[PDB]
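The chain contents come next:
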Amino acid sequence: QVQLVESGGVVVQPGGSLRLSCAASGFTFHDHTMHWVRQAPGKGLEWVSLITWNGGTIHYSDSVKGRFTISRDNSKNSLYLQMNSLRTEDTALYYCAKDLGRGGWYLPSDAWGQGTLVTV
Amino acid sequence: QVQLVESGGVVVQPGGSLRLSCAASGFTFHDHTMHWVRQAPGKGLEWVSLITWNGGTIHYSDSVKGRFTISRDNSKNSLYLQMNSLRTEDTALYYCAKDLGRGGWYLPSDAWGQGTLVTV
Amino acid sequence: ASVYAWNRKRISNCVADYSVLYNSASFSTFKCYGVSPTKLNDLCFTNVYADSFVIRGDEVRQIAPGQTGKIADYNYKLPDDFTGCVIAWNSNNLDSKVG
Amino acid sequence: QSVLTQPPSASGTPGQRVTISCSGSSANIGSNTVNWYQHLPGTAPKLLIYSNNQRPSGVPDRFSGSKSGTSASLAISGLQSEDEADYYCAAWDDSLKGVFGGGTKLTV
Amino acid sequence: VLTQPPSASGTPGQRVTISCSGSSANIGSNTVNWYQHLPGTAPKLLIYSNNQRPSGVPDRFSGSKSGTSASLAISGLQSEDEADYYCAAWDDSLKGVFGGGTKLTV
Amino acid sequence: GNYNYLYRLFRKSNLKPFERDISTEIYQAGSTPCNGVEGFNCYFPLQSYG
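Residue numbers (the deposited numbering), protein chains in the order written: chain D, 1 to 120; chain H, 1 to 120; chain B, 348 to 446; chain L, 1 to 108; chain E, 3 to 108; chain A, 447 to 496.
Hints should not be assumed to be uniformly reliable.
In the DSS-like style, the derived pairs of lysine-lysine whose C-alpha atoms are separated by at most 25 Å in a straight line are [as the list claims (entries may be wrong)]:
{"no.": "1", "chain 1": "E", "residue 1": "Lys-46", "chain 2": "E", "residue 2": "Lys-97"}
{"no.": "2", "chain 1": "L", "residue 1": "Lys-46", "chain 2": "L", "residue 2": "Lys-105"}
{"no.": "3", "chain 1": "L", "residue 1": "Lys-46", "chain 2": "A", "residue 2": "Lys-458"}
{"no.": "4", "chain 1": "L", "residue 1": "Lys-46", "chain 2": "L", "residue 2": "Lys-97"}
{"no.": "5", "chain 1": "H", "residue 1": "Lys-65", "chain 2": "H", "residue 2": "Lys-43"}
{"no.": "6", "chain 1": "L", "residue 1": "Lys-97", "chain 2": "H", "residue 2": "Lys-43"}
{"no.": "7", "chain 1": "E", "residue 1": "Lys-67", "chain 2": "E", "residue 2": "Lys-46"}
{"no.": "8", "chain 1": "B", "residue 1": "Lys-424", "chain 2": "L", "residue 2": "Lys-105"}
{"no.": "9", "chain 1": "E", "residue 1": "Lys-46", "chain 2": "D", "residue 2": "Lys-43"}
{"no.": "10", "chain 1": "E", "residue 1": "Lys-67", "chain 2": "E", "residue 2": "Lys-105"}
{"no.": "11", "chain 1": "B", "residue 1": "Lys-424", "chain 2": "H", "residue 2": "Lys-43"}
{"no.": "12", "chain 1": "D", "residue 1": "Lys-76", "chain 2": "D", "residue 2": "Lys-43"}
{"no.": "13", "chain 1": "H", "residue 1": "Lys-43", "chain 2": "B", "residue 2": "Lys-417"}
{"no.": "14", "chain 1": "L", "residue 1": "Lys-67", "chain 2": "L", "residue 2": "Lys-105"}
{"no.": "15", "chain 1": "A", "residue 1": "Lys-462", "chain 2": "L", "residue 2": "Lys-97"}
{"no.": "16", "chain 1": "B", "residue 1": "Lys-417", "chain 2": "E", "residue 2": "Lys-46"}
{"no.": "17", "chain 1": "B", "residue 1": "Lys-424", "chain 2": "B", "residue 2": "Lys-356"}
{"no.": "18", "chain 1": "B", "residue 1": "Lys-356", "chain 2": "B", "residue 2": "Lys-386"}
{"no.": "19", "chain 1": "B", "residue 1": "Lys-386", "chain 2": "L", "residue 2": "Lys-97"}
{"no.": "20", "chain 1": "E", "residue 1": "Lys-97", "chain 2": "D", "residue 2": "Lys-65"}
{"no.": "21", "chain 1": "L", "residue 1": "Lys-67", "chain 2": "L", "residue 2": "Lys-97"}
{"no.": "22", "chain 1": "E", "residue 1": "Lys-105", "chain 2": "D", "residue 2": "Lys-43"}
{"no.": "23", "chain 1": "B", "residue 1": "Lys-424", "chain 2": "B", "residue 2": "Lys-378"}
{"no.": "24", "chain 1": "B", "residue 1": "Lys-356", "chain 2": "B", "residue 2": "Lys-378"}
{"no.": "25", "chain 1": "B", "residue 1": "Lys-417", "chain 2": "B", "residue 2": "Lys-378"}
{"no.": "26", "chain 1": "L", "residue 1": "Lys-46", "chain 2": "L", "residue 2": "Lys-67"}
{"no.": "27", "chain 1": "D", "residue 1": "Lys-43", "chain 2": "E", "residue 2": "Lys-97"}
{"no.": "28", "chain 1": "B", "residue 1": "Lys-417", "chain 2": "B", "residue 2": "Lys-356"}
{"no.": "29", "chain 1": "B", "residue 1": "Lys-378", "chain 2": "H", "residue 2": "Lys-43"}
{"no.": "30", "chain 1": "L", "residue 1": "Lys-67", "chain 2": "B", "residue 2": "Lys-378"}
{"no.": "31", "chain 1": "H", "residue 1": "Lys-43", "chain 2": "L", "residue 2": "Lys-46"}
{"no.": "32", "chain 1": "H", "residue 1": "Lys-65", "chain 2": "L", "residue 2": "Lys-105"}
{"no.": "33", "chain 1": "E", "residue 1": "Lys-97", "chain 2": "E", "residue 2": "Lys-67"}
{"no.": "34", "chain 1": "B", "residue 1": "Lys-378", "chain 2": "L", "residue 2": "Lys-97"}
{"no.": "35", "chain 1": "L", "residue 1": "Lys-105", "chain 2": "H", "residue 2": "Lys-43"}
{"no.": "36", "chain 1": "B", "residue 1": "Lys-444", "chain 2": "D", "residue 2": "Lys-76"}
{"no.": "37", "chain 1": "B", "residue 1": "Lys-417", "chain 2": "E", "residue 2": "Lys-67"}
{"no.": "38", "chain 1": "B", "residue 1": "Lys-444", "chain 2": "B", "residue 2": "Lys-417"}
{"no.": "39", "chain 1": "B", "residue 1": "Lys-378", "chain 2": "L", "residue 2": "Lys-46"}
No lab work stands behind these hints, which were simulated from the structure alone.
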């Protein structure tokens, strides 16, 4: 019974910043890698970032690299995304997703949250 | 001397609408219920559908329900099966069969036709 | 036990009273293959094996001959010529925790 | 991938007797009657047993069966080399429609 | 980066495929995953590790990978199968890479 | 085909020597009551010769 719930889908002025939050349950949190994916209106899925279970490695898409920061709190079963220097190009439906299993990582797997709309 | 002869066992493009036809003789046709049964290669027997003598009731297997139509003509002593929205999973040897007694119905009985091969 | 590591209990040299299982309203599933669920007391065997494990409700259907899936293929596989009874019941108030 | 469950095969020495089992739910066997068919490769299937234990014309007394509880069985005595065929169990379902088993391959 | 057709279609009773292509770093030396996105909700994993399926996904959906290309094969076309399908892979130069997405209708 | 010759196909029990039975009472093959008409697993007892 895996669930992911996003929050922070608000409207923000360009040049500003926004933090998104994802609550997670139904699976082991502290051993799993998690990802953010966004879908701009009229477009397909765009991968944003991942953070591994131990913080061993973090990866960002070039379009958000250096301006977005991903972090997690394994004591609260929650994932966060801090997006700064926002542009109107960042308008998208943001989704929270987990990987296939513990330890390893690759791409978002089966369990995705409903997502929330971020407008810039 | 009961005989059932199937026709229409051809190779058909899946997007087509193949119909099968079973000729019957050697018994009373208008008082008997009849069935279609198919055998996919490498598999056992699969029940398809039945139509009663008066058209009072018709039954379909869920795998063909809504896509197959069964009908009969008591003036020609023949049974028809119309199969649309075809799948490669429908490749099978189709058999024509009749029930045990008059009026009522249950399952295919002793008299089975040779059948014909339908390829999708 | 967990399904990936099921616990096999060996039953032998004893009297097998199956009426305590058959007539129980506790079980949601009681599927007997090759034998009748009410005639078990009249059948003599050399060995009875009781394989115990916990799975999800939607996986219960996989514990049978001819089935495939994550449990049937990678955790607990039954043979097509399996002889015996598959008994299962809801354990929501036993094996679940808040969080 | 069937509702009625049957073993993949059966075998024995000619002159002996073997049985083929069939199991299912209360909606398959428990509340209904079981029919059996004998399908010899190269020709059409034929009815062997109907209404649990009745025989159609042309079927000898070497073929008999029964139904009890929520299961059924077919007994084949006096095995002949000509009975090397696939035997099928069938019943009408209370929720679904017509149901056949996988089929048991009987060999010498 | 990954190239896919904008759409796909066909009558019920037709098999369709959704192709995917990219560089040696996108497909040739890595694995390909596929997603099914039903409008009104989130995307879900359909295929992973080239040809494996997650729980809940039937064998109506299959696929393969060879050379530097990959494809998704869809054998069913019911009213419930209308969705946007996506091809994705991890690159060596880039990170997570997704294609434009293919709109499959019935 | 001459289908005006009937024989009994279904009967609850066997006949005694020179016993006659020309009734048309429907035969119930299943456990479900046929209500004396026809339908699910119940049949008219007589069958025709082709």
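Hint by hint, here is what the structure shows:
no.: 1; hint: E:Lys-46 / E:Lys-97; result: holds, 20 Å
no.: 2; hint: L:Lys-46 / L:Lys-105; result: holds, 15 Å
no.: 3; hint: L:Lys-46 / A:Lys-458; result: holds, 24 Å
no.: 4; hint: L:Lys-46 / L:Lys-97; result: holds, 20 Å
no.: 5; hint: H:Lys-65 / H:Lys-43; result: holds, 20 Å
no.: 6; hint: L:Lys-97 / H:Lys-43; result: holds, 19 Å
no.: 7; hint: E:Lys-67 / E:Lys-46; result: holds, 20 Å
no.: 8; hint: B:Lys-424 / L:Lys-105; result: holds, 22 Å
no.: 9; hint: E:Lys-46 / D:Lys-43; result: holds, 17 Å
no.: 10; hint: E:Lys-67 / E:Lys-105; result: holds, 21 Å
no.: 11; hint: B:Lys-424 / H:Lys-43; result: holds, 21 Å
no.: 12; hint: D:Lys-76 / D:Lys-43; result: violated, 33 Å
no.: 13; hint: H:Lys-43 / B:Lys-417; result: holds, 24 Å
no.: 14; hint: L:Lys-67 / L:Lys-105; result: holds, 21 Å
no.: 15; hint: A:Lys-462 / L:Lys-97; result: violated, 39 Å
no.: 16; hint: B:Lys-417 / E:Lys-46; result: holds, 18 Å
no.: 17; hint: B:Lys-424 / B:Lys-356; result: holds, 17 Å
no.: 18; hint: B:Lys-356 / B:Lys-386; result: holds, 22 Å
no.: 19; hint: B:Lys-386 / L:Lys-97; result: violated, 28 Å
no.: 20; hint: E:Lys-97 / D:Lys-65; result: holds, 10 Å
no.: 21; hint: L:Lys-67 / L:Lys-97; result: holds, 20 Å
no.: 22; hint: E:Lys-105 / D:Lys-43; result: holds, 11 Å
no.: 23; hint: B:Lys-424 / B:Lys-378; result: holds, 16 Å
no.: 24; hint: B:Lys-356 / B:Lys-378; result: holds, 19 Å
no.: 25; hint: B:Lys-417 / B:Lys-378; result: holds, 20 Å
no.: 26; hint: L:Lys-46 / L:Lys-67; result: holds, 20 Å
no.: 27; hint: D:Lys-43 / E:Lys-97; result: holds, 19 Å
no.: 28; hint: B:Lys-417 / B:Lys-356; result: holds, 23 Å
no.: 29; hint: B:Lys-378 / H:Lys-43; result: holds, 24 Å
no.: 30; hint: L:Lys-67 / B:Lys-378; result: holds, 16 Å
no.: 31; hint: H:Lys-43 / L:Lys-46; result: holds, 17 Å
no.: 32; hint: H:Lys-65 / L:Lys-105; result: violated, 30 Å
no.: 33; hint: E:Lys-97 / E:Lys-67; result: holds, 20 Å
no.: 34; hint: B:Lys-378 / L:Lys-97; result: holds, 21 Å
no.: 35; hint: L:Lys-105 / H:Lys-43; result: holds, 12 Å
no.: 36; hint: B:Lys-444 / D:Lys-76; result: holds, 17 Å
no.: 37; hint: B:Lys-417 / E:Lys-67; result: holds, 23 Å
no.: 38; hint: B:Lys-444 / B:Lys-417; result: holds, 24 Å
no.: 39; hint: B:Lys-378 / L:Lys-46; result: violated, 30 Å
Of the numbered hints given earlier, the model fails hints 12, 15, 19, 32, 39; all others are met.
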